[PDB]
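For reference, the structure is listed below as structure tokens.
Removed from the display is one protein chain of the complex; every other protein chain stays in position.
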Amino acid sequence: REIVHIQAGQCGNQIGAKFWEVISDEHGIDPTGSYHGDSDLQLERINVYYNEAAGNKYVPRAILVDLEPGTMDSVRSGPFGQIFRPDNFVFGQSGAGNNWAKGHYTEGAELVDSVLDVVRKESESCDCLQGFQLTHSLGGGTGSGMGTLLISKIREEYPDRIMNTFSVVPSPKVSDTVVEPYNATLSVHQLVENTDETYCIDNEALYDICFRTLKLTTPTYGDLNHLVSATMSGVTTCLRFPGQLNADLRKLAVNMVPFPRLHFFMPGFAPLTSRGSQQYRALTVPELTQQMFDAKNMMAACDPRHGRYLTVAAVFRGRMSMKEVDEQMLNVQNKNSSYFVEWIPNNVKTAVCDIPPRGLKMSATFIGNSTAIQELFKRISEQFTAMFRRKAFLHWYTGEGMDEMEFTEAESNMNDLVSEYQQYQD
Amino acid sequence: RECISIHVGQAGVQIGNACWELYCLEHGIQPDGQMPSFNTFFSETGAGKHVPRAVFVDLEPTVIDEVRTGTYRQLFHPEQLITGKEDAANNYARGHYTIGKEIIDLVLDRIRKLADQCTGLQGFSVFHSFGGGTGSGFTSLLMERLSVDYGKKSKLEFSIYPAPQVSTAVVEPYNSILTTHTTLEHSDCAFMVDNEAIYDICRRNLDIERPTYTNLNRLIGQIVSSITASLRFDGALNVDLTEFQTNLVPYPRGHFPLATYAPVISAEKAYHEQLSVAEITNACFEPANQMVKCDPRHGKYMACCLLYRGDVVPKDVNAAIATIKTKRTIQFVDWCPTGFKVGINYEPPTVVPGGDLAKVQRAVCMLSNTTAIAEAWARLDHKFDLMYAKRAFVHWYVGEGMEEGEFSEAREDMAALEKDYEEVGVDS
Partner (left out) sequence: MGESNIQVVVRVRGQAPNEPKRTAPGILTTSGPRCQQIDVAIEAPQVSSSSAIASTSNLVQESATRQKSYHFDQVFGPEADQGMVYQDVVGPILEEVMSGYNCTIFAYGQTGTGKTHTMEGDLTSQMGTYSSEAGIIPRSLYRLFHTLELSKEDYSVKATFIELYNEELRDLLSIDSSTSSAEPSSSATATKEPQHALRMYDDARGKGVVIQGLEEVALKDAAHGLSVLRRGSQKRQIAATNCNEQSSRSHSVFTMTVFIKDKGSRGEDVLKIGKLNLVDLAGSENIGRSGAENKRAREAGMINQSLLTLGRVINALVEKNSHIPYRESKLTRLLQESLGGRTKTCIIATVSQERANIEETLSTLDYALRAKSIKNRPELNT
């Protein structure tokens, strides 16, 4: 009944910093950590993310990890920093060089046990372990290196649990670094074999979302991640809140995974309307399901209509009606009956909460899985094919000591992965 | 001389949330137990504030917290509100094996304190689903473990069953095949309701296009009070559960009836209509009022049980009886000579406060039998066979110790079941 949180990297520490901003306002909470919400369903299942203590206090069940000091200090210097309790900033005074072959390798290893103790500070004291939520990068080192060594030890300590993470797919459009096709590249050698699931969020589509379809000018990191933040919260509303057809994360793990390696997924937020389009739009049940077809609301940089969908889950918010919910779902199965696979007749899994977030009246959460999401992978894998031939800027890492055999097999780890969607695509 | 309820699964709970509202509507029972003048589902307290003879099972703490904090928390007893820790997460494997052996010693324990209070127990009924893990694997445990200690009572199943067109999860046919063969191995009598044709009642007999799960189930809830709750009450031709034993089921293993309900009229249509006994019998055989996506015209009628409510005199019935025999478009069987066993009771069905259906003078529940469900059985089997050809969605149950050979065990015997509906019109 409880979920443990981990953050890493310059982004995934910053990304979840926007997330707990929202979950604090999910329940009407003081910036200190006092309760002032009004809904009783807010108060009822506090336990899953929080650790209520004496003095009528609330502790976000979260461990914040970095090798850079001032990043998480800026979280603490910023508001919604005192709502944490400061016995949890496990960090070190050394830069990783934004390197997977250092953060997984040396300067994390003097910080591993200091992390896992705060895990053991929490996870034994938990009533029932249910969630190991991570938020990090695949572009830098701290989001890529240290978390892979976490999962090599956390699953070693918890084989009977569930491993999800929100890892950020690199953008060939917008970036700043160079060895970016290594950090995600060597992450896959540990992300696939030891995590039950992860998603694939890329800025390369995210810029197209806020700028075009939401009528915004400047995509900031505080705003591109605020888009991610609602889609985070929509993953596990039924586990937290009452609903008619409530679904587990493990239920979401069951029906969305046909096969224990093809477990990469994609979010989607349904009332993606602009500021101006409020007074010129009627908001219905097919209005929410309309974006399931939308290429511009698929938050990863792929055409959904390019491949064919394997599995899609729909997690709804609002006092709806199932006959309208089912038959509108039925029509989307009937509208484009080539976009799915054949051997799965019910291509969709429903999920219906009873309470949407405040301000709105309807919301939803798209969770799809298609044979075109590999388009994110062919971009990265082909970039690897150029960096290896000259062995270009190899002389930051061979002094560390990662092998060409790793560069051989993790390379072929990708081709074993990607080329299975096209078995079932065409 | 009593009867016990079992509510398993997130579907199986909210079924009773209407039904026990109706059961407490049977006597004006407020959240205390205010009632004059009846011992079927109830015990009487020292203050006489009656309590249900019902069992709740929920592997999550999710649904029941609504029940035990919202309205009608106090009529139930925390003896009964048996909540659990974790779902099996829609898994027949963990619902039968892993989590299921953590609560079953507490659930069977409440039975020995309630069933022993029954002075000559009539029977008891089980509520579950097919898609839900809770309703699949726990059914595989409970319905065999009851027959270890109750091999000589009645075991009714009002089981919610999926549509061949509208479905809500992937492994829903991948559940029911593993469940139902061992269910038919042990259970006595099983009903099935499809939400497909329930939606058809929403658009054609309710004429409302925004239903709730209450409104799909107060329909199911109004059935049972006419199945059983009036059988305590004295009318003209009262039936009981034991008049279904070798009556309705002409075999050891054929026990699958089909429930319909004839007067389904929204309150606007209470006046472009003048109801009769003969009209509502004509409503009994509409293939668009089967509550399951099925046409009786493709099949036959092995048997048919007419169970009536309110002001019903059989001379008015007997005319409509031979009428349907004469106006037949049914292709009746060879093997049943004439058998139409009759149920006539006295009580009107009561109006759900804030509910849907209309204050009537007379009402019908009907059980019948057909080989048309054997199509709708196999229509789910069409969804079932192709997932095995990929061997897909397979790691959750072999990872929890259920065999591939079970799927060769269950379905081929389930096909043997479906081939044994066809033995009706063979020998003649």
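A and B label the chains in the order they appear, each numbered from 1.
The rule is short, and it goes like this: a contact is a pair of C-beta atoms (placed from the backbone, for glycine too) under 8 Å apart; a residue touches a chain by one contact, two chains touch by 3 or more.
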Check each of B:20, B:42, B:76 or B:97 against the chain that is not shown and name the one that touches it.
B:97
For the chain that got dropped from the picture, name the residues of chain A it touches.
104-106, 109-110, 113, 159-160, 259-261, 400-401, 403, 405-406, 408-409, 412-413, 416-417, 419-420, 423
Omitted-chain footprint on chain B covers residues 96-98, 184, 251-254, 391, 394-395, 398-401, 403-405, 408-409, 412-413, 416-417, 419-420, 423
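One rule holds in what follows: only the chains that are shown with their structure count from here on.
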Which bits of chain B are touching chain A when the two form their complex?
10, 60-63, 65-66, 85-87, 89-91, 165-172, 195, 199, 202, 209-213, 216, 382-383, 386-387, 389-390, 392-393, 395-396
Residue positions on chain A within touch of chain B in the complex are 1, 44, 128, 130, 242, 244-246, 248, 250-251, 253-255, 257-260, 311, 321-324, 326-327, 330, 342-346, 349-350
